[PDB]
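Position chains U, D, H, W and X relative to chain B; hints supplied.
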Amino acid sequence: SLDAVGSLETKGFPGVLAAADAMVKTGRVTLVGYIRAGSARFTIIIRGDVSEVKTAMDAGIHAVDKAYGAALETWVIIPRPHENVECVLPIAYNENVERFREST
Amino acid sequence: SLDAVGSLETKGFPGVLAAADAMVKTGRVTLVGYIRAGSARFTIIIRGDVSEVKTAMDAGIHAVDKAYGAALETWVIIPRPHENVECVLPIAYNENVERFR
Amino acid sequence: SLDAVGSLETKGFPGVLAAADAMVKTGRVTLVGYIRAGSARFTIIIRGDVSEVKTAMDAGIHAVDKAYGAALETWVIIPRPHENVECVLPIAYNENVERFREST
Amino acid sequence: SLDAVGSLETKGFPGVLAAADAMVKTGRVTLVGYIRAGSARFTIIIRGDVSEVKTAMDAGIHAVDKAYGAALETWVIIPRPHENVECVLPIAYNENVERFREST
Amino acid sequence: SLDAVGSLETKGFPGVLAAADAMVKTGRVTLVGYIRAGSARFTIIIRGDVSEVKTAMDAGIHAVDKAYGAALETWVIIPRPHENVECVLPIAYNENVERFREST
Amino acid sequence: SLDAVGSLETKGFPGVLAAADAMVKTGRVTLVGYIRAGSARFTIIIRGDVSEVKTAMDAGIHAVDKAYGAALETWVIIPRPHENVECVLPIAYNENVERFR
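Protein chains in written order, with the working numbering: chain B, 4 to 107; chain U, 236 to 336; chain D, 4 to 107; chain H, 4 to 107; chain W, 4 to 107; chain X, 236 to 336.
So that you can see chain B by itself, here it is in the shape it has in the complex:
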């Protein structure tokens, strides 16, 4: 998919839970996966139209502060990822989340 990708990483799982919920409730985006990065850091990945990923990312960043003890470590938006990156890195749509992609 050439949809934009957003990635956000928190210290602690509760922060990433808060961010993920805000993202998919505010932008027409699909949460496609998460990573245990080590050192109690967790990464989440969303896909969607670039403008919707921007809106979702802002909501996710602000939601991290609603989780006691959570910290926002790092985030990025890649507006139009190369197929090789989507293939190798864990950022692709998958069959588990297809029905949410259809909904966007």
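Read the hints as simulated data drawn from the structure, not as lab findings.
Note that CB positions come from ideal geometry on N, CA and C, so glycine has one too.
Mixed in with the good hints there might be a few duds.
What the hints assert, rightly or not - Using 30 angstroms as the maximum straight-line C-alpha spacing, the simulated DSS-like pairs for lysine-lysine come out as follows:
#1 D/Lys28 to D/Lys57
#2 W/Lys28 to X/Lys289
#3 U/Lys260 to B/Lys69
#4 W/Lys28 to W/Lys57
#5 X/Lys301 to W/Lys69
#6 U/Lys301 to U/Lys289
#7 U/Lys301 to B/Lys28
#8 X/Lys260 to X/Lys301
#9 D/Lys28 to W/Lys57
#10 X/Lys301 to H/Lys69
#11 D/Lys57 to U/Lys260
#12 B/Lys69 to H/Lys69
#13 D/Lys57 to D/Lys69
#14 X/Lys289 to W/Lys69
#15 B/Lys57 to H/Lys69
#16 D/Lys57 to W/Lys69
#17 H/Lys28 to B/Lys57
#18 W/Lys28 to D/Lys69
#19 U/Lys301 to D/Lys69
#20 D/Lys28 to U/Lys289
#21 X/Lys260 to X/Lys289
#22 B/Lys28 to B/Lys69
#23 W/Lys57 to D/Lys69
#24 H/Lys28 to H/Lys57
#25 H/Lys28 to X/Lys289
#26 H/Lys57 to X/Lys301
#27 B/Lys57 to U/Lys260
#28 U/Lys301 to D/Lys28
#29 B/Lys69 to B/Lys57
#30 B/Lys28 to U/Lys289
#31 W/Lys69 to X/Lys260
#32 H/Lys57 to X/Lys260
#33 H/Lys69 to B/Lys28
Unchecked claim - Derived CB-CB ranges, DEER-like:
#34 W/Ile64 to U/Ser286: 51 to 59 angstroms
#35 W/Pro93 to D/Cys90: 23 to 31 angstroms
#36 H/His65 to D/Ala62: 53 to 61 angstroms
#37 W/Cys90 to D/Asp68: 49 to 57 angstroms
#38 U/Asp293 to B/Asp68: 15 to 23 angstroms
#39 U/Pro314 to B/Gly72: 13 to 21 angstroms
#40 W/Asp61 to B/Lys69: 53 to 61 angstroms
Below, chains U, D, H, W and X without anything else, positioned relative to chain B:
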């Protein structure tokens, strides 16, 4: 499920054991899973009605201090989590815990 | 099982080895499992009658000091753990340790 | 393959995502894999002609700064890696990325 | 087995390689396993008669200093481990090392 | 095998890639495996004649500095490792690397 979700994370396993036991003894909630987060941190996840998750979370927060050397690192309650989140993050009810629902 | 649970976590494996041996030799308790917690920390879990878990735990705490370089990080006793906790967390009796439960 | 190898490692996943996308869009190179290195560090590996790996690597280094909170930790280019290194370390071309090698 | 157990943990793998080789060359002991403990710490476990484990452990401790950059973090000798500890923790003899046990 | 063993560990993967390539290009040695040690440290292991492992290790130590941001954390050479060590620790020749022997 549209049930509320609570998640709490401690430094050390004993603290998460203390917290989890307090949660399910005080709220009508289901402990659905836990995560080894790395750095000796452990995450637990509960589901239930919003009122019961809040009650359980309060009891769990206070219970962490009963474990010598434990620290409460972070926690959150999401009253009405989006179905997409439940699908990807390890927060769903599962068949292992069905009898506790 | 409604038996009490004790859990103890050390910095380094040698400390948890010392503690486990002291625990099962002091109380009528079963060591049911251990966890690699990360950051070179190791968790052990015992089950048994609450009074036996208390005496075993006392011995385990003191035994950690017998390992050079070990640190006792954290421990707890839960006298009557809820079945949902026993199910999800790695604290249940299991078939690998059945013969030790029988002997207690 | 005697193609050069480039490897770059960031603090946080978003930085490695930014770097990978820049690399494969700038040089005629293939992203062959990534590593979760621990401590929330992530490694990516590209292969291609040495001149293409150099230009891709330059773009990847600069792209890390486009991810909030990311840090560039370490990187290297090996112009003509030994077959024993390609065998043991996770740097070989693989069937998952064949179509991207063909296009280079 | 009621043979003694020795456990030694280093920062870095080279230190544990040095210690393991010194142990089995100096005491009539068997190296039965190792653990990746996290945080670049490595644990090794030897078994044998208590006096031989003592001799091996001293040689292993001194060998750690022969590895550049290695640090000895923690160690213990448990002279006669309870069968429950041997069962749950990774300290038992195994079929991979039987021929070295026979040799001791 | 009674061949010598060398092991070297870096902070970051690029440093270990640099070191490994220098080793097999300078000594008649076989790189038999590597370890993700945690904390972004990576271990590599070579086997060969004592003289070749020493030569390869020297080249590998110097090569770590050619990787931006890499650090050499620790290394050792065991000229004649005990067979018990080869059995338990991941330092043996293996079928994946047979052609390099």
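Cross-check of the supplied hints:
Of the supplied pair hints, the one linking D/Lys28 and D/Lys57 holds, its CA atoms being roughly 13 angstroms apart against a limit of 30 angstroms. For the hint linking W/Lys28 to X/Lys289, the alpha-carbon distance of about 22 angstroms falls within 30 angstroms, and the restraint holds. The straight-line distance between the Cα atoms of U/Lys260 and B/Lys69 is roughly 26 angstroms, inside the 30 angstroms bound, and the hint therefore holds. Only pairs whose Cα atoms come within 30 angstroms are accepted, and W/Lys28 paired with W/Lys57 is accepted, the gap being roughly 13 angstroms.
Only pairs whose Cα atoms come within 30 angstroms are accepted, and X/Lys301 paired with W/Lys69 is accepted, the gap being roughly 26 angstroms. Restraint check for U/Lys301 and U/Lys289: satisfied, since their Cα atoms lie roughly 20 angstroms apart, inside the 30 angstroms limit. Of the pairs offered as hints, the one joining U/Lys301 and B/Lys28 is violated, with about 37 angstroms between alpha carbons and a cut-off of 30 angstroms exceeded. Only pairs whose Cα atoms come within 30 angstroms are accepted, and X/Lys260 paired with X/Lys301 is accepted, the gap being roughly 15 angstroms.
The hinted pair formed by D/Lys28 and W/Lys57 meets the criterion: a straight-line CA distance of about 22 angstroms does not exceed 30 angstroms. For a cut-off of 30 angstroms, the pair hint linking X/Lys301 to H/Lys69 stands: about 26 angstroms separates their Cα positions. As the CA atoms of D/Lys57 and U/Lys260 are separated by approximately 22 angstroms, the hinted pair is consistent with the 30 angstroms bound. A C-alpha spacing of about 25 angstroms is found between B/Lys69 and H/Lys69, which places the hinted pair at or below 30 angstroms, so the restraint holds.
In summary, the hint linking D/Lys57 to D/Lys69 is supported, as the alpha carbons are separated by about 20 angstroms, within the 30 angstroms threshold. This hinted pair checks out: X/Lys289 and W/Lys69 have alpha carbons roughly 15 angstroms apart, not beyond 30 angstroms. For a cut-off of 30 angstroms, the pair hint linking B/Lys57 to H/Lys69 stands: about 15 angstroms separates their Cα positions. This hinted pair does not check out: D/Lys57 and W/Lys69 have alpha carbons roughly 43 angstroms apart, beyond 30 angstroms.
Restraint check: the Cα-Cα separation between H/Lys28 and B/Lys57 comes to about 22 angstroms, which is no more than 30 angstroms; the hinted pair holds. Taken as a hint, the W/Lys28 and D/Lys69 pair is honoured in the structure, with Cα atoms around 26 angstroms apart against an allowance of 30 angstroms. The hinted pair formed by U/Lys301 and D/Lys69 meets the criterion: a straight-line CA distance of about 26 angstroms does not exceed 30 angstroms. Restraint check: the Cα-Cα separation between D/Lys28 and U/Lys289 comes to about 42 angstroms, which exceeds 30 angstroms; the hinted pair is violated.
At most 30 angstroms may separate the alpha-carbon atoms for a hinted pair to count; X/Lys260 and X/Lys289 meet this at roughly 13 angstroms. Restraint check: the Cα-Cα separation between B/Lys28 and B/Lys69 comes to about 15 angstroms, which is no more than 30 angstroms; the hinted pair holds. Of the supplied pair hints, the one linking W/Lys57 and D/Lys69 holds, its CA atoms being roughly 15 angstroms apart against a limit of 30 angstroms. For a cut-off of 30 angstroms, the pair hint linking H/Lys28 to H/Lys57 stands: about 13 angstroms separates their Cα positions.
Straight-line distance between C-alpha atoms of H/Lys28 and X/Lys289 comes to about 42 angstroms, which puts the hinted pair past the 30 angstroms bound. Pair hint H/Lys57 plus X/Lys301 holds up; C-alpha atoms about 15 angstroms apart against a cutoff of 30 angstroms. Distance check on the hinted pair: B/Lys57 and U/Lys260 sit about 42 angstroms apart at the alpha-carbon level, beyond 30 angstroms; violated. With a CA separation close to 26 angstroms, the supplied pair U/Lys301 and D/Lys28 stays within the 30 angstroms bound.
Between the alpha carbons of B/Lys69 and B/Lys57 the distance comes to roughly 19 angstroms, so the proposed pair stays at or under 30 angstroms and holds. A hinted pair counts as satisfied when its Cα atoms are at most 30 angstroms apart, and B/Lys28 with U/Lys289 qualifies at roughly 22 angstroms. Annotation: proposed proximity of W/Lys69 to X/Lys260 holds, straight-line Cα distance about 26 angstroms (limit 30 angstroms). Under the criterion of a C-alpha separation no larger than 30 angstroms, the hint pairing H/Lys57 with X/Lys260 is consistent with the structure, at around 22 angstroms.
With a C-alpha separation of about 26 angstroms, the suggested pair H/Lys69 and B/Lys28 falls inside the 30 angstroms cut-off, and the hint holds. In this structure the supplied range 51 to 59 angstroms holds for W/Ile64 paired with U/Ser286, their Cβ-Cβ distance being about 58 angstroms. Checked against the hint of 23 to 31 angstroms, the C-beta distance between W/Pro93 and D/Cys90 comes to roughly 25 angstroms, which is consistent with it. For H/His65 paired with D/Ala62, a C-beta distance near 59 angstroms keeps the hint of 53 to 61 angstroms intact.
Between W/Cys90 and D/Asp68 the CB atoms are about 25 angstroms apart, so this pair departs from the stated range of 49 to 57 angstroms. Between U/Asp293 and B/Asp68 the Cβ separation comes to about 21 angstroms, which falls inside the hinted range of 15 to 23 angstroms. Between U/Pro314 and B/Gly72 the C-beta distance comes to about 19 angstroms, which sits within the given range of 13 to 21 angstroms. For W/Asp61 paired with B/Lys69, a C-beta distance near 56 angstroms keeps the hint of 53 to 61 angstroms intact.
Against the hints set out earlier in the document, violations occur for numbers 7, 16, 20, 25, 27 and 37.
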